[PDB]
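Shown next as structure tokens: one chain only, the form deposited without the named molecule.
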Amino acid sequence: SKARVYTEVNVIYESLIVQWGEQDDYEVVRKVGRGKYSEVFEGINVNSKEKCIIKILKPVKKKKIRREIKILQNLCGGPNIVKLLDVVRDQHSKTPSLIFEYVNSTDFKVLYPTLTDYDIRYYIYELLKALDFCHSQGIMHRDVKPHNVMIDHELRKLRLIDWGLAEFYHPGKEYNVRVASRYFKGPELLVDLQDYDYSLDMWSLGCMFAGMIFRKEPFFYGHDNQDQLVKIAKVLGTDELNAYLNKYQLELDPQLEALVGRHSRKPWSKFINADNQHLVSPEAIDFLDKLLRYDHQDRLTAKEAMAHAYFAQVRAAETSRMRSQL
């Protein structure tokens, strides 16, 4: 199982030596969040007085650290990718820090309930730009979720952040399935299919999208990794799951097989209610349906997603803006 697109980018991060900057150029002001091996801070460039994001990495595995840096530097300038400003170190202590552009973002739990139909089409399209670019550079993000999509709603600005789980794609290579966050893990991760690709990010985006238009966050709400497959099965159905398992010659553990049980496919229209109906359209459902597929090879690519009719008005507005600016 290979990818449909960008299978030969890294055919046409260990031995990486990074160029450390001065840690005194930046100062930590406020803590905003933490990670499994990182803490994130609002900071300041004491020279330019410009705000920034400071990510101090608990020096766990330097291999993982160098990987994230190599990737971020490869994506610099890319549409809607977070911009790495600098990479600095204690010089005495081993502890490194990643310096990023500041994004005055609204937390999705507050923002998403206020999004309109136009907002959703607009921001998903901006996120797709980011995924298309990094996939074109031969990179999987592997942690797409609302927390890693920073939106400054006032500036209509979106940035894809947190590239700690990002990886270079090599065709046929078997990857760690311990990636992404539970609610946004694709079927490949849950049935231990290790030769996955860019399409993993497209499932995750599909989960986010479903969450927004149905106002159901998260959409697939498993109590654990096994229950997560069950929640997916209860919507997509078990027959397409069996075809999926057969295609890639996979077998579920008998206990997991029992939990999944048997389920018919559930029409997307079942999730429509009076509260979310203004966010839902035949175009939105068609688009969603082409993202949330068991078979990663059947999912839309980022580029194919951007050409979907759902984004017709977003494209047309851009084109009209271009002609006018000419």
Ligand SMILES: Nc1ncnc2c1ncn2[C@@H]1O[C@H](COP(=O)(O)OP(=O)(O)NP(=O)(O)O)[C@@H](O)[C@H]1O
Given for the second form:
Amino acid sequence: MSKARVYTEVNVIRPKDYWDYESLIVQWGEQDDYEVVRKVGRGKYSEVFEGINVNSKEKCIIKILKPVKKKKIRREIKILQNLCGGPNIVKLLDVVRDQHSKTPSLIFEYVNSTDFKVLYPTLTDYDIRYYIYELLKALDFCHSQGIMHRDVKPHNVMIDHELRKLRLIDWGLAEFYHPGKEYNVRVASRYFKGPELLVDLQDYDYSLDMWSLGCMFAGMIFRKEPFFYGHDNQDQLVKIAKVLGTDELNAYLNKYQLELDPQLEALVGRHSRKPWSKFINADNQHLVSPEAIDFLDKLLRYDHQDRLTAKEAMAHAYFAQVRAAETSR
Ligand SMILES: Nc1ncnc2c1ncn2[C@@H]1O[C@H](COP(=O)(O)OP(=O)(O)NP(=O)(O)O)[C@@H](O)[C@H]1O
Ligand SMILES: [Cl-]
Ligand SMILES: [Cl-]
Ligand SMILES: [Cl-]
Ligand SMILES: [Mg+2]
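Show the same protein again, this time as the form deposited with the named molecule bound rather than the form deposited without the named molecule.
Full assembly next; the chain just shown is listed first.
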């Protein structure tokens, strides 16, 4: 079986009540202490509003969880409480519920987000280095708490470009890492699913989040988001294989003793690894550097054991000056 290279035993050492979200008894707050002000988003499982504290009027975010199973409600709540206060994690402020319908609501800090479709074309070489570093600080922290995010994507990375604050949000797909556990591969979003999700490798770890970050980083520096534009889960692996090459995919399949479907094998075919320099053009050359390619190259690997950890990534030469500006304080 496969185990994480780092933070392998966190949930083994911690007391059971840290990761046993099934047995969590929520201590709810007064639900009438908040009221919606304007609907701000939606989803398959919730409907998030810009709320407002009834007293302070101070704004917030009210994520009203739809009829989901109580086991998944407790999981997201327990993860948000374990990660509260960590660097660049969205701050859970309160947890309330109706008392009549038992419908729960998660109260978050408000973030003056700029949607990635609007913000990303205006990001510079320095902006990308800074924001990816802030996102790496969030991933390293949650990995150090024995938790995988499993839904890293631009829609879940809130950026207030005026204050240059970043917040990793949406933890409804997050899970505790237990060594040797077989997880559901129906996680994350199509364009950011790691190869392990597309080949049914169920004993994945924190490195799944590093692949998703790699897809984001590729789409940013090449100004081609989504970078792997697959039309379904099978075509997603095909889009990956024509970039990374099939010969390293075959080695990946042989190592973990996996096998592709007869149908999927016909679509993947045989392909040479494409050099990252082939994706440079006049519109994105100002964002692409040799350090950027080396850092990207060490994230997008079939074998999840060869991907950089978050801490290994923060130490890459691509982030040298960002660390210089950070240590100066
Ligand atoms: N703290 C926040 N501040 C501002 N907007 C927020 C905040 N949290 C969430 N949102 C908005 O709400 C949207 C969806 O919230 P989210 O927590 O991802 O619910 P969701 O149902 O899990 N979405 P999904 O990825 O489809 O499952 C985001 O894309 C933002 O536009
Ligand atoms: Cl799940
Ligand atoms: Cl290259
Ligand atoms: Cl990590
Ligand atoms: Mg989301």
